[PDB]
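Presented as structure tokens, the chain that follows is alone, the form deposited in one PDB entry.
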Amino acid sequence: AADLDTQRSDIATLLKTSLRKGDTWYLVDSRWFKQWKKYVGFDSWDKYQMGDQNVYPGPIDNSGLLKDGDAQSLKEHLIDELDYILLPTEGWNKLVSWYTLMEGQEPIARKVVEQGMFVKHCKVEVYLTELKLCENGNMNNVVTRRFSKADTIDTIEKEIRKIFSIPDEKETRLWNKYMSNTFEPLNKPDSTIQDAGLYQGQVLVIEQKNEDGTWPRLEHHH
């Protein structure tokens, strides 16, 4: 492995790597990373545990971030810095080279996306956004799907049409239940879900044009 000063330097640099759309970053459990920091003297006033066997971090172990099962999905409600830290490919690869990845484990890879409402900045998308999808007139039958903040309304509407078996020849109009209250039109297909203000649990309602050319009234209840 690289020496402790090289590790501290290399990783300090890589933690600050510019976020660029489409790049892949990797989660590292903060518990493992905290031991690594002690071991290499990262942000250390007195270097008291630097190089000490007692804080050698061992193989990278992200098991604490994962739910049970073979698929190994990420636990929900994890917080950046507190529960995990993020490194770019080169940083992840260096840690693996120096410490190994715990045998049997897979890396936890996430993508950088442009985020924000119209005004954009890059962010590693650790969690996708779940939207509730339904058909006008049968709003009781809700199907949930997860989408990226950078997915467009066109992309979402196409998925809704697939789910509810709406044929290509049928025209649709998609609506947001804004404040879980008013129907508001999703009539701009190139907006991303965040441009359009759609967040976790948002209810979207699709309607199909009638054969006679008219559009169905929207479903309302007490």
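By rigid core we mean the largest C-alpha set that fits within 1.5 Å across both forms. Numbering follows the first chain given and starts at 1. First, how it differs from the form deposited in another entry.
With the rigid core aligned between the two forms, the listed residues 139, 102, 96, 78 include just one Cα displaced by at least 2 Å, namely that of 139.
Taking 2 Å as the criterion, residue 202 counts as shifted between the two forms: its C-alpha moves by at least this amount when the rigid core is aligned.
Comparing the forms between the two forms, the C-alpha position of residue 34 differs by less than 2 angstroms, with the core used for superposition.
Relative to the superposed core, residue 60 shifts its CA atom by less than 2 Å between the two forms.
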Contents of the next structure:
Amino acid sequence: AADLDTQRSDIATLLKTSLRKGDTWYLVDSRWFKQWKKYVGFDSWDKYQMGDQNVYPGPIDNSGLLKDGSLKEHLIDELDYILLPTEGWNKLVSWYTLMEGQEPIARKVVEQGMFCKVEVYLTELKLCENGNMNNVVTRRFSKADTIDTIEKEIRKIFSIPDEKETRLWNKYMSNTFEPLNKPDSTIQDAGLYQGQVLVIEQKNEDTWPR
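Form deposited in one PDB entry already given; the form deposited in another entry follows:
No partner chains or extra molecules come along with it, only the chain itself.
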């Protein structure tokens, strides 16, 4: 691993990296980060345990951010998690390893009015294929993902061949669906929302089923 001063200095700078739309950032549990900061003497006013095995943070552990059994609700930046850009995540992973069984918590930088934010809570969609509206599978997406990305995922889940033509629809109310005709639109631009049903239909061996 880098020496403790290099870790501190690199991460101090990386925490302040400008938020640029479309960059990927990573969540780090503030419990783990607090230990890390003590161990590296991150702050001038807390070098009391710098280098001590007692505050060595061990492998990165984000289990406290994740629902028992998906992120916990009402997490607050700084208080519950900190945010690092790709380079900073990758460095921490290299130095400490990621705890066994965990996956990184990768998120995109989207717009927040005229500013930006890391999109922490993804959008869950209910996906199904027209042959059977009861065989529904849920997947999470960014609001910056495209309609094409959703369609690619549905086609994978339901084993739809690349050659079969399709039409995508979103539920608007009971038995009332609207076409998603623009594969380049983002989820934001299409107006999709949490828990919304999306259905794909394939053309028949001959025409459209729907």
